[PDB]
Amino acid sequence: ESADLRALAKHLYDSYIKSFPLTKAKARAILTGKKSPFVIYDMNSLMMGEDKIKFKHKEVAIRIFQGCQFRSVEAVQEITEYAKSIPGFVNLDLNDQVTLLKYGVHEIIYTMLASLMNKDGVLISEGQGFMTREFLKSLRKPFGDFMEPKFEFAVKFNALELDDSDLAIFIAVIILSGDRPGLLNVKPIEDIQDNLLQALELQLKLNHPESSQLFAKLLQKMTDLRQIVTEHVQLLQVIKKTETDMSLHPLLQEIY
Amino acid sequence: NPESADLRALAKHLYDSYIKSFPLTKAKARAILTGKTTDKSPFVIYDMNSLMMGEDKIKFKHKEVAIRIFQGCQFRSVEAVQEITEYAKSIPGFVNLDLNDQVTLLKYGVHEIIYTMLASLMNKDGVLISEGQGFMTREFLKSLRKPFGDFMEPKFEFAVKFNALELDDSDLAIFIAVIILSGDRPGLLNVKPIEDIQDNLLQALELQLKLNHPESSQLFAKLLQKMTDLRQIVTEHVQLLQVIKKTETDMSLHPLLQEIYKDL
Ligand SMILES: CCCOc1ccc(C(=O)NS(=O)(=O)c2ccccc2)cc1CNC(=O)c1ccc(-c2ncccn2)cc1
Ligand SMILES: CCCOc1ccc(C(=O)NS(=O)(=O)c2ccccc2)cc1CNC(=O)c1ccc(-c2ncccn2)cc1
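Chains as they are written, first to last, in the deposited numbering: chain B, 207 to 240, 244 to 266, 275 to 473; chain A, 205 to 266, 275 to 476.
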């Protein structure tokens, strides 16, 4: 029966590679120094950064915020495509699929964002750039505390030393969460997640035999992700409440 | 197997201490709730006059109606902190930790445990109180004057889902131990020795659920995911309390609970 769990793990790994360009293994090689990325450590390297690498992604703090928004919008489509490759997912009630993606994408965004972070900064622009933790923290209120909680999570998350093959299954487990509000048919969702869970459990045991209770430790990080997401939502609200300089083009805002 | 043997020993030790620290077990609570018996029948409180006669029939160990009920839950919570603290000390390695970290684990751990153990005392219709002598309906509690009317409801919602896991006391003893030894608590000085203990606890829990619920696929994984639900409930609860102290300036909060809420 473990032959089907290994097949599922492989299936998911291949799909994850196809859907997500910048893998963790690639990002790690770049971060550690093993064709260096442009570094943004202050206002002037910022200015030159957009001059050089030029991101589709007026005020500096606002321009950075909006850039992260553009990337998350792309990430949602990459995630959506990955979800469709998870066995059983497309066979679910279409409203439920929509629901699972709607509530799942932020958790996955921050999970995968950790792959792009170390304690010193984050890879941006498909790894063409590196923007420092301190520079981000130096953005005026309340933008200077937007990325920081994510860095704190990443550092803890990255200590688990997961690889791409591990994360492919973990991500799929997040998507198939039966507790999302408004779901109409919870049974096949938890039935699929139960199977992904077994796959992840086995994967972690074979891949990290020396890492005791890694499975448990990973599931515990769910708490952390969700806390990060609700916290993020709340900051977004303050940006909405205050901040008049956030208004984009009518059509542009529709996209977000 | 010699590994497995040490894990079973740890499970037995924990279940034993749990029975010793917590006077009203889930097993007892379920016996009262399912109302099979004639000696263990609770007096039911479902409205005001019912509550009034409750005060007579029920010996409570410890003004306005919502307030007397609030102060009632506050007393019980404090009693629970004491019970949990006593249980915590029995967990191997706990008392050997940095004193400041022992306190930190308790501070952030006790509410998650209170609402875990509170689920043992609930069904969809209400909650056992005063050592199972009383039963207060969910509707009566929901009908309370705002904002007291919605203090208890999120706990009920959690409990019915949690209860569907069908855990028994021997399972819960270990799960509660795992909650206490949480290495991700804010302000922990020495994370590693906590994590090492928690690691051992997680092994014990995992084996326990497999032996006790062999037909329950991924119960271990499902139980751990409930820790997310617990965090949420505690967060909501604390926010609710901050609302109260501003609206109800004549309402007193117990100092121990206050110290727990402080910078939570
Ligand atoms: C692979 C998953 C997606 O990557 C994500 C996803 C979400 C987020 C995110 O939620 N950001 S955020 O919390 O909304 C934020 C707000 C204000 C300042 C910093 C961050 C960020 C990135 C990472 N950020 C970037 O890639 C990025 C950052 C800055 C720019 C940028 N900087 C200067 C000018 C224009 N763009 C472009 C991209
Ligand atoms: C280990 C089990 C823990 O039990 C707990 C723990 C926490 C809480 C809790 O946090 N409650 S609460 O959310 O603060 C709340 C306050 C007011 C109305 C509804 C809810 C409640 C109970 C349950 N409540 C009671 O046991 C209780 C309820 C009512 C009375 C009471 N009622 C009327 C008059 C006097 N006492 C006494 C105890």
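It should be emphasised that the hints constitute simulated quantities derived from the structure, not laboratory data. We treat Cβ as the ideally placed atom computed from N, Cα and C, and that holds for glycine. Be a bit skeptical, because a hint or two may be false.
Here are a few chain A residues that sit away from chain B, every Cβ distance over 10 Å (derived from the structure) [stated by the list, open to error]: (1) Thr297; (2) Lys336; (3) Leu414; (4) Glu418; (5) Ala433; (6) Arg443.
Below 27 Å or equal to it, Euclidean Cα-Cα: the simulated BS3-like pairs (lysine-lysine) are [unchecked claim]: (7) B:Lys434 to A:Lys458; (8) A:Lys458 to B:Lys458; (9) A:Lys373 to B:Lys434.
**OP:** Could you check the structure against the hints above and give me the numbers of any it violates, in ascending order?
**Re:** 3, 4, 5, 6, 7
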